[PDB]
Structures are given as C-alpha cells and as structure tokens.
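Q: Single-letter residue listing:
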Amino acid sequence: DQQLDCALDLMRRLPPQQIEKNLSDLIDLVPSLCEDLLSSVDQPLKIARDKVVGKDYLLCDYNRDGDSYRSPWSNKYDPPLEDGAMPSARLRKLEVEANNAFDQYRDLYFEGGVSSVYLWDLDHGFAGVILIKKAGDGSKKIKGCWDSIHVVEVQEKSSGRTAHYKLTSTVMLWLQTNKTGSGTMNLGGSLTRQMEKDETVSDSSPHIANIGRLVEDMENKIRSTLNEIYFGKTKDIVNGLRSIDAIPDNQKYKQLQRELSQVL
Amino acid sequence: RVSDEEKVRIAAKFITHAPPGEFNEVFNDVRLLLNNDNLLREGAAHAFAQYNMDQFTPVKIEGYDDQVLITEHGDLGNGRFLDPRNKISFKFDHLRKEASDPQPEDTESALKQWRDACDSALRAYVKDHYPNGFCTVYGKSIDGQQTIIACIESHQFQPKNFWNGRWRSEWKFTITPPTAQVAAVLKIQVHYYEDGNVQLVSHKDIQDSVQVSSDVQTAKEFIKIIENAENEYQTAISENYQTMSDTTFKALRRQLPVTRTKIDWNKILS
Amino acid sequence: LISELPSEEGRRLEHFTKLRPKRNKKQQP
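Residue numbers (the authors' numbering), protein chains in the order written: chain B, 3 to 266; chain A, 7 to 276; chain X, 974 to 1002.
Simulated crosslink set (SDA-like; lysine to any residue; CA at most 20 Å straight-line):
1) X/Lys995 with B/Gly68
2) A/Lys166 with X/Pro979
3) X/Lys999 with B/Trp122
4) B/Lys143 with A/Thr241
5) A/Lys133 with B/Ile246
6) A/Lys193 with B/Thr182
7) A/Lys193 with B/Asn241
8) A/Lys178 with A/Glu227
9) X/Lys991 with B/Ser26
10) A/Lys166 with X/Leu978
11) X/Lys999 with B/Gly86
12) X/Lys998 with B/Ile29
13) X/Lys995 with B/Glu198
14) X/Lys999 with B/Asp85
The set of hints was computed from the structure by calculation and includes no laboratory data.
Go ahead and model the full structure; you've got the sequences and the hints to work with.
A: Take a look at the structure:
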C-alpha cells in the first residue's frame, strides 16, 4: 500500500495526454497493483454501443467485469458474460431512474454528449458512478473534450429520512490544435474534488434528487476552477517563462533583490 | 508475467517522461515500483543522461558565472560535458545534477570567432526576455558544414505550489557563406498538479534561410530572427489560449442551463 | 551508488481516488 501511493503519485506527474498507455505499462510494471490501479486511476471515457436498444453507453471500471461491460440500457454484459456482477432488482430500478434523471441533467448543462450512471450495492447503503462525455465540434479549429466522473457513496442511517453522502468528482478537460502559428499545442488533464454532506431523505426530496444537487454544485464549482487553472494559471506560468516586451529594469532589479537574499 | 528486460524498458520510458523539475519524484516512484536496483542501474543508466540532455538542464560550475546547459552537443562521452563559453570540460553526475572537475579545454578555433559573437549577442537577448534564463552556444562541424547551435533554457519551479514550467529553444545555423540555413525547435511545458494533473505540451518547428556577411554583423541578425520567431510563437500561444477559453471551452459545458437558473430536480423526476 | 533522491514539495501528494467506494467484481481483469 506504499506501492500504490507511488503509482498514483507517478500518474499525477506523467503527461495526462498518455494516461491510457501509461496505466497499461504501470500495471505491467507492478502486476499485483492491477486491481487497485484500475479502480483508482481515472482514464478518458470510452463510448460503447448497446446494439439491443441502439444507444451509446460509457465505460469505466465500475461497469466492467472481466473484459466485459454492462450497458445501463439493456442491463446486460458485452461481450456476453457467464456470471457478471449485477445490481439487486431493487437497485436496478433506482439505477434506471438515475440514468433518466442524469440524462436530462446532461442535456440541461451540456446540450448533447453522452451520459451513463451505474449503481452498485454496498454494506449500509449503496454507491454510484455518474459519467458524462461531451466533445466540441470539428467546425472550429480546436479539438476539445470533457469527461465527468462522479463517484458517490450513500450511507443510509437506520431511521431512513436522513443519509450521508460522500462525493468524489473528477473532470478531465482536453484541448488541442495544429494551428500553424503555434505548431502543436495540447493542454490536457484533470482536477478532482470532495464534498461530504448529510441530507433529508423525503418523498419530495429522494436520493436521486440529493445526489443530483451535489453533482450539480460540484460540477459548477469545478467548471469554474478549471477555467481559472487552464486558461488563467497555466498561461501565466507560460508568460513567466518568457516576455515579449524587453524586461524592464524594475523586475530585473526586484529579481536581484530576492536572488541575493537566498544565500543558503 | 512480463520479461525483466521489458520491465526496465518501461521504467526507462517513465523516467525520460518526468515533467520538468520533478525528476527525483518520478525516479523514486519508478524505483520503488520496479524493485530491482540492479536492473535500474544497467538498463536505465541511458535514461538519466538522455533526460538531462533532452531537458537542457542548467548546471552551476564552481567559481564560474554563469551556468551551462547539458545538451547532446556538449556530450564528450566519458561522462564529461563542454562549456564553450569558458572553454572548459567538466564531469557530470546525471542522478544528482552535480558538476565536478573543472578542466581547461582546447576549442577548434575554426568557428571560435563566430561562436563568441553569437554567444555574446544571445547572452544579451536571453537577459532581456527570459527572467530566469540560461543559454549555451556551440560551434561544431556537421557533415563538413560549419554549424552554430544556440540553446536557450528558462524554468520556474514551485513544487510547494504544485506547478512547474520550462521553455527550451534550440536554434541551428548551418553556415555556408554567402548563406546560412536556419532550423529551430521551440518547446514549452507546464505541469499543474494541485488536486489534479494538468499539463501543457507545445512545440514549434522553424525553418528559414538568410544572407551572411561579417561574423559580428550576422550574429546580430541571427538574434533578430530568433527574437521575431519566438515572439510570434508566444503570441500564437496566448492567442490560442484566448480562443480556447472564450470559444471552445464555453462550447463544452454551459455555465448554467438555457433557463439562466439552476436545475429544478422535481421537474426532472416527473 | 545508488541514492534516494531529495524532493522538496514538503507534503506528500494526496490521492483522493483511494477513498472512493470499492466494488466487488465476479472476476478479475
């Protein structure tokens, strides 16, 4: 478990542009860590096609079993599977609802893209994953992509009427161009955040409603920090590496003030 | 269930790809994971050196100001690198970034004079445009042709703030009077990692031709070409950042739905 | 020969994805 910490530390340093190929290698390098890495390292979401209902679905570790994936639409594995991990018929019903709910959510904030929601049974409650993938248009000169991975944990209290929610959300944001002006330019990666809240479970405010509000808040708050880090911070860093206008004797000199100061 | 010869290849790949100013951290990660200091020292010795030459690592030499860049153009075999400004040789430890053994060295006076006039004018340019910049200018023969190689490095390391950044320029001037062939590569890399992993990788190839004269007069013109090319590159970067921000990002996820208000979840559920 | 190199980030980098709910597969990948 000090091994895993290293792998994850490495994954936060190797270029996110090669997340998929790097994870492949990292596992080969330390095969015991596989199961763990696969569940704790986020990868750009892939789209598969449920041929039965004719609709796309998203793929992560939480709907994988073996080398097969469970479509939230037909509730079946592809390629077909002997005995795959399924949700209890009680939960499946909530899953199918959560998918419809987050489908609208998707439309409301993304005006397109794909969403998929997978629920699974825990001990004193349940857990869910909410996935959203939206791609920018090939009409404009810049390729863009947005992957959302929201993992929620629900711990129901013995009463009902109140429950505790743990949310871990990752957004992966990918931007890229071959505009001859700047050669190639790839700005990519992700941010992760945590919310933890207790809330009323009524009929007017059920689980999906509670999870939804949490997701919405986090996604709005991330969308913000993303914009600020991607187009604010990383750019400022660039501008702090080189200056177009010839450096003014003021900063040149303020810099000597501080350079000299750092004497062991 | 994968060969030990392969495992080290992966480990080597990982090390070469360490973000700027995070070599140690990546190395420690890779070491602990491979779990075989014997494989590391053999099949990865090549990687440590390659990374430093690849990254244009600046290094201080004792009693000298200022620093010199570790490139493939200063590589002399052994484990020794050339400082063309001071005309000295020195030993380098690729693992601990240590420059030992200052040793007077003899330069092929074939280009010496052209090199000095560049190294001189580029020093002034670097000083003017790169807050924490270092540069090293080489003069050596490639395929019987006199080449001048100007290398620029600039970095800002702030591990405490979970971000690092580096600029690398490599300008090659093959000099065949009365003309010179310009060929360059400009690289940027930025890593942000507070509660995530976000990176900018960008490079630009530059290719050009110019008419030459006296060494001093065309050293000055070389620098102007460099200045112009790099400004255009940094501008293009900033312009693309703009477009990315207020066009393609806005087009990915809205800030609020078209109803200008947060989602009514009751409506969603019935 | 050899060494364990000195980082200066002070704080270990913390991995939020560890504390996410686990899910039991009926077979491994």
